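Shown next as structure tokens: one chain only, the form deposited in one PDB entry.
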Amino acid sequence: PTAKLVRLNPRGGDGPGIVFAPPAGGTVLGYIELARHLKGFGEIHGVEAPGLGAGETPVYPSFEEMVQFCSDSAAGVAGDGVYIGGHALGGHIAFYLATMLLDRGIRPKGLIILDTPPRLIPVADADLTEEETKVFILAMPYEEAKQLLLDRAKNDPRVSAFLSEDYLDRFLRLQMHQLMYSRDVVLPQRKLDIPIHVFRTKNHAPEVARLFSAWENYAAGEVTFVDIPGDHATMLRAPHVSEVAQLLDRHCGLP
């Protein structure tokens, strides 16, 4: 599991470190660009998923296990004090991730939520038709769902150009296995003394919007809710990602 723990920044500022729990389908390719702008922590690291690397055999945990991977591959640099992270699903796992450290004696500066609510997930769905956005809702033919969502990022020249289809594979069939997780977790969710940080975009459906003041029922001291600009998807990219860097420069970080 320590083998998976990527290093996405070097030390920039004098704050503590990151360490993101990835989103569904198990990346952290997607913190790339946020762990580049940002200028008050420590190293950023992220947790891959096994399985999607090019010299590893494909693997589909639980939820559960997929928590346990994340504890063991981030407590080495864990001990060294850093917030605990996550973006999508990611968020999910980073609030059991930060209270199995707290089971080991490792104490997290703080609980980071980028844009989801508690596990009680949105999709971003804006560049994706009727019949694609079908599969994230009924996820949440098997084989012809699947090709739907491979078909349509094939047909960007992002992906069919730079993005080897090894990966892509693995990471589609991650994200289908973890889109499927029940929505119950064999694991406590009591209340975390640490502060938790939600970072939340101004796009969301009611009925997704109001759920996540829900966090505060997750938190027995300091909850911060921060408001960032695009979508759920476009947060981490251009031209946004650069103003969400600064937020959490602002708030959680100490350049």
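Positions refer to the first chain, counted from 1. Here the rigid core means the biggest group of C-alpha atoms that line up within 1.5 Å when the two forms are laid on top of each other. Compared with the form deposited in another entry:
Measuring CA movement between the two forms with the rigid core aligned, the set 165, 151, 156, 80 has one residue at 2 Å or more: 80. Superposed on the core, the two forms barely differ at residue 54: its CA moves less than 2 Å between the two forms. In this overlay on the rigid core, residue 183 has a C-alpha that sits 2 Å or more away from its partner position between the two forms.
Once you line up the core between the two forms, the Cα of residue 134 stays within less than 2 Å of where it was.
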Given for the second form:
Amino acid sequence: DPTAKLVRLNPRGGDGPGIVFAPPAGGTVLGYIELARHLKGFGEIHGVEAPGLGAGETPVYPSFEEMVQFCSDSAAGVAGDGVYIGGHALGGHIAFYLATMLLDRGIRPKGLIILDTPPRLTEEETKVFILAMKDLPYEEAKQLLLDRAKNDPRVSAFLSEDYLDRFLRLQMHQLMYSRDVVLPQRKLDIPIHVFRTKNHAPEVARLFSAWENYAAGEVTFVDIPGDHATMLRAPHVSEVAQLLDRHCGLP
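Having seen the form deposited in one PDB entry, please provide the structure of the form deposited in another entry.
Excluded here are partners and other molecules; the one chain stands alone.
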């Protein structure tokens, strides 16, 4: 049941529309919790948790196409034309696909909110992600990431090993088809809001402007503090929620 994975991250707190977030690589919506808490000018903020992560679910590993279809089925309960479609990272690509599917059906969401990701997506620890998207056995690479996460006292003390395993497996699965993700060259008839960090190498930074190619009207580039990971955490997340309320919300 796709609708059972539509998580309410924050009840209505402002006078604006809601937000439905798609998950990044790994399928979790937990990375949005702090952001949703600080936001003060929106309605209900929802997130779509990938299937197979909850305690009472069987891990599944769908293709990008089926995952996009699952989020649409999950977010269907929310009025498409009364909320922003958002997404961080790979979640930004799902968000775009969902917005094109809504527009194909005549539904105009309030807009697309992209969190620090361009339209085309330790030394050994980061080598895994590179190879995922010297050669090493798959299961050996997973253990490197698994040993990295477990080294953090916050993961070993509060996070479920079962949840951590299901997340790592799905992240590997989504990292490996991530290069196959090609956004349709359509031009959205809705505003696009790209919140981008400023600590990107020139090679990557240059790619964010390509969002202009997928827009028929408004496109807004907003600078946010932090980097691709720390932006959703303190101290930066507070300022990110301020800017999000300013350009898209309405306290």
